[PDB]
Amino acid sequence: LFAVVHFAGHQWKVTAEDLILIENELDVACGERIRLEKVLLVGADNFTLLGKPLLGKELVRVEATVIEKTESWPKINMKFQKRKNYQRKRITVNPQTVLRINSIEXXXX
Amino acid sequence: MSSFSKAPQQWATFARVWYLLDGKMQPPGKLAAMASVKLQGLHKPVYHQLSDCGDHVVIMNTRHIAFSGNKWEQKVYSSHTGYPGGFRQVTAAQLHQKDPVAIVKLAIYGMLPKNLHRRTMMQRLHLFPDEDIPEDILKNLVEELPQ
Amino acid sequence: XXXXXXXXXXXXXXXXXXXXXXXXXXXXXXXXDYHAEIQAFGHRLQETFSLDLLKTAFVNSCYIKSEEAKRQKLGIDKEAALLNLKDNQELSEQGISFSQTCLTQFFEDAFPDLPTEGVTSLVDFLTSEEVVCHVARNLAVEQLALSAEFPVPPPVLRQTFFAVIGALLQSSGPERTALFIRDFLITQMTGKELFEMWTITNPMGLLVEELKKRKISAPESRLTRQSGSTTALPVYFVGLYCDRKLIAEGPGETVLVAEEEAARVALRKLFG
Amino acid sequence: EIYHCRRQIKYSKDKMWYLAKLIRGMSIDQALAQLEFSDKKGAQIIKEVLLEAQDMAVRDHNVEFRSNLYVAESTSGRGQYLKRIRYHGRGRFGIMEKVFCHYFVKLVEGXXXXXXXXXXXXXXXXXXXXXXXX
Amino acid sequence: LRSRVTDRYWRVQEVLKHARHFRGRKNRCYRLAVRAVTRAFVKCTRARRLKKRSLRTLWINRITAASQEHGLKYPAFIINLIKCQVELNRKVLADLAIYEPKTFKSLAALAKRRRXXXXXXXX
RNA sequence: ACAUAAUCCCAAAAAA
RNA sequence: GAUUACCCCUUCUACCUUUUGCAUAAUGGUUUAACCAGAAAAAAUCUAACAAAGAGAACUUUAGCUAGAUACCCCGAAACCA
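Protein chains in written order, with the working numbering: chain V, 70 to 178; chain C, 6 to 152; chain P, 1142 to 1413; chain X, 229 to 362; chain E, 943 to 1065.
The set of hints was computed from the structure by calculation and includes no laboratory data. Think of the CB as a built atom: it goes at the ideal place given N, C-alpha and C, for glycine as much as any other residue. One or more hints might be untrue.
What the hints assert, rightly or not - Facing chain V, from chain E, some residues (calculated, C-beta under 8 Å):
no., residue
1, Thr980
2, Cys986
3, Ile1024
4, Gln1027
5, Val1028
6, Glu1029
7, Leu1030
8, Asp1037
9, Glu1042
Let the sequences and hints guide you as you build the complete structure.
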């Protein structure tokens, strides 16, 4: 039994107890419990539910918890042009957020 | 289970599966394409470029291969040595009359990507002009896709 | 100034070839007091009581013996710390017992279909020293632990951890403890190792015992097919059934290993 | 451990390194015999270094059994260079560099054990099965 | 009057600190270290740009394989998924194409169903 | 009909 | 980038100078350390002082005058003369 959610313009496969990092900040305080939408649901009894262009809010639910807001290792981006004397060095650190998936809710209709 | 921080999925490696391909009138080089697909492992959803997950393909009756058109006499295989004027032209006809298993193999030899994995997957390919397979005492999977 | 940076670079380069041992008293930079630690300990966790028992939980016999030793050596004055250890050992005793009872209740309620041997194995693995001590070190209990000789060694941190357990048992009661421990241990397991350590000896025979005990049916292994490979490993397809009904099927390199894995999958299959 | 060093001696470092690697790992006796009957300029010098190392081993460390001594490490460093003028034709002068070698010898007690034997079939069957499972 | 002091030596020390694990004089000499560092950063940017392309191609190959196992090709599967209003990315689709053959089998079944219904409605 | 080893970028193929 | 505590596979035509255009089989460099090549305010813009006056016995002035702050780097001849 696993689900497929969508956030920050990126789709992800989520399962219970899983830890998933999402881009930047969700504007949510650490320790709080948030709900996410559902692109797809697949039950391990081989029973799949796929809605379009979204799944049932009443039918299925996904609830996860935010651990903290971290920062990925610094990436060095440099642009260089040959004999134009053009060199631009920029160090960019991508912000991230740690989400702990806790409860995947499935109810019968 | 568990997945962490944007990672591609490959675990370790798996065991290759030996396949059998029939001869008798299938077009040369048309078989080499799919045989190269099986050689690379492009038919497997678990495929990886570096892992070299490709399988082992065994083809039979390579002399019974059939090339269309006038290309039988008109196809020229070039073999050149270091010595000056060592350029040799061998037609598909005479080559079939001498060493047929070379032909199809050459058709495969141009399909695969270069460098290492080419020869690596090339050693996974075996051809015979007639059917004798002691390796068939060892049970393998048979795939039939004639053209 | 260049002198301060040369001295900082020389100290940072001197620390590479020389590694000093970890000290417990000089560990924290700020002054370490009992009340500060127990206050933060009370603010983080839900409920915390019995500050005396909590402080006693991080007290070890080695520190007391060393202290009394220094008292005898110097001979300046004489004080009695004796009550601490005597009060701690009891909390540890009750702690171990109640931990066993609680975990037994957990395995009883969660997995009723689990045989006695499986219960014993899982309890032995869950109460194991290495795992619990690992959880300890991961929870940074070693920072709150007081050890004169060395902070690192497991006999300190483990007994300290159990003392903390018992302390939570007496002070906060069972209802809180059941919340605390049950959360961590499960999250720690995560593996197949749970049933693997019980499978270390005659997997087939164990399956025979389970089947004969439950459905009273002798397991039968039958080869359903074989796909050979001479080079790396041959693949044999081995079925395992009872009363003509197939329980499981699986591939193997050798007949023995194939039967082992088939018996393992069938072992976890009857676990539910 | 018994250390011995010789500095400010003038010989080719690359040439001395030949006899330096020769006695490395070898026992005291075999190294002695070798250096004795080895033909080169470094033979005598390294023989002297070895002899002095043995004398220091016996006298200073008071070793009970001389057979328990072997050569653990031997190395050759480069010292200062003496610049000389080599006269050539057509009024040109080349620079002849006279080199130097600092010989260092490190000895450790106990019986010498060195195994260069490696089974090909075992190593292959292990490394392949471990690489295929990773 | 000023001095060269430790500035240049510290800059060189930093560049060489970033020049570690490099081969030859490039992990030793300063100039070659810089020359290799520039190329290293350019390659960093370019490979980080083409990484998405490589992953996309790989995923497309995997999905193509899993599709061909069911008797249909990749483009037909894509079209069917488009007309099925499925916005699912090829990454997750490939992950399902590997770990969960059942879901991909269902999607392929619906694909063949939509294709047969369109071919029957067009006739 | 030009002068070192072939094919006008691999191998082949066919006539949305 | 992946991948294993190492590597093979995949993605990329040195730097500088000179040029319409150089990875170029155009130029310079063995490497390293160190040395080494934009220092001139008239009119102007700008910050302040006072204002038909400014400015330390000198000049300017139909809003000026005074002060401060802003832009124009090195090496090399063949030869001439004493």
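Here is what the structure says about each hint:
At its closest, the beta carbon of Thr980 (chain E) sits 6 Å from a beta carbon of chain V; the interface hint therefore holds under the 8 Å criterion. Here the hint on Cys986 (chain E) is kept, as its CB sits about 7 Å from the closest CB of chain V, short of 8 Å. Interface hint at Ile1024 (chain E): violated, since its Cβ lies 11 Å from the closest Cβ of chain V, which is beyond the 8 Å cut-off. Satisfaction of the interface hint for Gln1027 (chain E) is found here, the shortest Cβ-Cβ separation to chain V being roughly 4 Å, below the 8 Å cut-off.
Annotation: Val1028 (chain E) was flagged as interfacial toward chain V, and the flag holds, the nearest CB pair being 7 Å apart, inside 8 Å. Taking 8 Å as the C-beta cut-off, the interface hint given for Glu1029 (chain E) holds, the closest approach to chain V being about 6 Å. Using the Cβ-Cβ criterion of 8 Å, the hint placing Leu1030 (chain E) at the interface with chain V is satisfied: the shortest such distance is roughly 7 Å. Interface restraint check for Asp1037 (chain E): the shortest CB-CB distance to chain V comes to about 6 Å, inside 8 Å, so the restraint holds.
Hint on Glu1042 (chain E) holds. Least Cβ distance to chain V is approximately 6 Å, under the 8 Å limit.
In this structure, only the earlier hint numbered 3 is contradicted, and the remaining ones agree with it.
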